[PDB]
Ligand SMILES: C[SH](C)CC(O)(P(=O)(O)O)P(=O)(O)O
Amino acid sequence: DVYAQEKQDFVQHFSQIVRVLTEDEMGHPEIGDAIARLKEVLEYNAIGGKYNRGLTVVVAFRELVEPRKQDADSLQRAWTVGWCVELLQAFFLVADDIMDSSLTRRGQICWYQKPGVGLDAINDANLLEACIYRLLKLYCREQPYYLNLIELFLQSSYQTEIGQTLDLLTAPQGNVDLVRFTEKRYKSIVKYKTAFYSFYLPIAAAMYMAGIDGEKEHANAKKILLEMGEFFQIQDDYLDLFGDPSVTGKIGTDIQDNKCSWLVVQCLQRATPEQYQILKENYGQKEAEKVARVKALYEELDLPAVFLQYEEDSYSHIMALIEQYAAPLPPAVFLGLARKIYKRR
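Can I get the structure for only this chain, the form solved without this ligand?
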């Protein structure tokens, strides 16, 4: 496994990342306390996940760069840019946990929920974002792709923020309005809020580092990657309810949380007026019996069979996209990712 092979070298680079970021206090001791708080923010929020997005930068870089051009300095830059992706995600997750009043993340108390943190986490989230550009400057400022990476990280942040705006307007806290939960709205939320940063950004970053800056090659890679991002989120919505928590590592709450899930989108497209009333009365409630009623309506509408058919059609479509749009990139760059996303676990 190319990911399990790079993981330890990637996680081990984090100590250097923290060291380099908390080494600006040497010349400025007056900001020492703020720098110590920065270290705590990084350690709590950037560590603990699976690092799949950041690892994708490293994996794609090794497949896109000639093995002779893969010197020690080039690999340090790849690990650094992979960590910038993880920091970008950490900035989004800290802020999103505040906005939707979450209690836990990765089975651990949300950063803002820690005693003595609270709404100071807004500033902590801004610092995580600032760390991306500090790292790009420290490691990549003399590289010809420097401006390409800055613009890519800034664009990915804007797209994600637009997707978050779209999501907040679609499911306003207290407003159980299923009329907003259309397929077109669902697809736009996924595209902007998750697909760009999760799938396009890591590969595009590795492409720029490899000197692949062509607009056409990026548009082609994007076409494959946004489609993979769409399937990823649809499968994640499906597994939230019908997945095995022992396998997924999570017990889903999308129904309780009034989420614009692919499942509710499909349910609304297939429900009779009476079935709609059942969903209208039980969706967004914390009661176990009420959540069981929504699950029951989903099984009545054969949503697991609709999902399975969708998974099959999506996999054929992604292989057709790879075949048409991969060249001149090695198909392995997209195939490695497709196997990680589509493999039935």
Given for the second form:
There are 2 protein chains.
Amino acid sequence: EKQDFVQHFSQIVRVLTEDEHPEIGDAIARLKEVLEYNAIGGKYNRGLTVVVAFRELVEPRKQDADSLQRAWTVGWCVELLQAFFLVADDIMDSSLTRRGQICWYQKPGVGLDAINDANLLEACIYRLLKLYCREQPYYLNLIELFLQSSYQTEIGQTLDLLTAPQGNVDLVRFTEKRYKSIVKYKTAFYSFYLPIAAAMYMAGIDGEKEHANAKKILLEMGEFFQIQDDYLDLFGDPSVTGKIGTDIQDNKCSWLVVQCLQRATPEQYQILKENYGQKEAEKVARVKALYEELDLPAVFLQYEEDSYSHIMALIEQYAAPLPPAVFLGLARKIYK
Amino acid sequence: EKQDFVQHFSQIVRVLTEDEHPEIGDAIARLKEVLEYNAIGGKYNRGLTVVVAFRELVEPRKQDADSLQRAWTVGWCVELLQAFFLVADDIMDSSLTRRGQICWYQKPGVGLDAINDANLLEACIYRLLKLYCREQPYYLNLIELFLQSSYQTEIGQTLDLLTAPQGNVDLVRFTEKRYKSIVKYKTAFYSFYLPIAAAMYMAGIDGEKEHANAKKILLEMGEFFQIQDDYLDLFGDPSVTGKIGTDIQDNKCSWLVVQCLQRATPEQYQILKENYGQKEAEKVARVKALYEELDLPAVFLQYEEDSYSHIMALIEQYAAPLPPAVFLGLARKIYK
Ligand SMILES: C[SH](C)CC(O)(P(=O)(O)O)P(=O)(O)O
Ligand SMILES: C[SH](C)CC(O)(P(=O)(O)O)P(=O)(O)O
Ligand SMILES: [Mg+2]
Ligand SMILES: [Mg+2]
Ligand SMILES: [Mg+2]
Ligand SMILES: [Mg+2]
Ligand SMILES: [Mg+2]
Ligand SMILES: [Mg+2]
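Can you give me the structure for the form deposited with this ligand bound, which would complement the form solved without this ligand we have just seen?
So here's everything in the complex, that chain up top.
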């Protein structure tokens, strides 16, 4: 499946860089490269989650070719939305690696121009939309689903950065209420609701009750998944995560810090207060220790299981009347 | 007129920050501030150009209150589009002052998070759109006019930055063909076509021939205007331009450099080659001299007049059947 999708990336790049009024050749050529370097290289859970959902929501006699092309085109839009959020996300959290290569902003000859780059990735979404789903009765729903998805992410990011101000001892604010809302807006909405929703809309399920149903599940799915990102960020093989964890040194509000702050002793609350948020490798190495000294990685395993079950309970109560293997499939793609 | 518009800014900020699921209070509060600090402080040519065009394109018996509220709401969207392009534009060209105050990214406690800030400004546009022009038969035209306006700007910016790579002697590429297309995409499209167009669409003129007509004019208007920005950037009272010119040190492709490169002697082509693009105040002070030694500021005056006339010729040939004082009004707001 993954391989058929990636095969189509070529068709989308050719639709996007065809433009060359040849007065923008250079700009187009530039664009092409930003797409290759930033859309490609990932897992493709999002882009894939849509095309697999369509098939399972649209009758075989309606899964025509055109309806297919529109299927993964919308697939790649979710990709570009990610490509966009990422490219800008790296500059902000100040990253070095993404998808096992150096961040685009870090590439010699990019730096802060990446900002316009991330912008161009956004414009490509809605450019595809107009180019395939235009004559369709869901076109305005797609668009309004992307715009409100971004704004939710963008809000969640605001929360994040707001909760982790550079050089500011901020353990006070690392509560769970916050972490949940933060992840709900910057991750759960666009990485789980968005793909499914696009599917439904494309299949004719423009319902409100339906959509709130999928949302109920998909959102809870999305919280776990970020929780996963938090862990992987610290305790995960860089060669498999294709990126380094900057959460500590970035004074982020992680599940981890929320976790450690929860079961951290008075004496242990400082080692913490003192080492979190600094860029000092040993100050940071000190943090990671306190985690390991708190048995956290096992505390993680627990949740990973208790969460799984609850999601499953959830799927077993709200999926109706959608093919349960629309959510079941997601929770095989991430809950591993 | 200007004062009635600015009065309404309060109503828009209150629509945007009302939101406080109070789980995003901080994010909203943050948002409010990014709007105050970045939407306010300008001339308001764009926001104003729409509300003044509506009145002149919609019959008095149709200019009801609601249709008015929708009028300047769309007015402020063009503002936010600017607020967005600006906030990100400053970080990229590395500015210090905008609207006679320090750039948002420069404010202590912002820096690169401004990127998410600029993003939030965008999301506010389409959030207003959905909030006022939703039930209207032009809603999808507005949206598609903004998205394709941004993408045009974003392309033009790509051109700019592409044509002025940091620390790279780039006089070769400062041709006029380039400068025209560059300005056509990063300035003319969204600062002149966009406001008028939004007006027409709102008034019922969804025509293609009509829209190409206004575009013919408005675009040529927009080229002059950037040309104006180029000059003001160098030869303009900072206390009236509320910002400093970084064009030389940013190795930009200005009308000026295009102008000086045109009538620069062999011997004079270097002083140029040597001093343009450097951050050295005296290297830059050297450039400004060569301009003054080339009589350029008078060469500017000429064009400002020959351009004016041509635009006027243009208005006197394409405005029909729109109130000519829809373009005439613009060319009193800028051609001064
Ligand atoms: C996925 S997006 C919201 C960015 C992240 O969530 P961050 O917020 O921790 O930088 P990451 O998982 O990509 O690291
Ligand atoms: C208006 S927008 C495209 C940015 C500028 O045009 P720049 O391209 O010279 O930075 P400026 O006039 O705002 O300086
Ligand atoms: Mg982040
Ligand atoms: Mg990151
Ligand atoms: Mg992470
Ligand atoms: Mg610029
Ligand atoms: Mg600038
Ligand atoms: Mg300028």
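Positions refer to the first chain, counted from 1. Throughout, rigid core stands for the largest set of C-alpha atoms superposing within 1.5 Å between the two forms.
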{"property": "Two-part rigid motion between the two forms: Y310 with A210", "result": "no"}
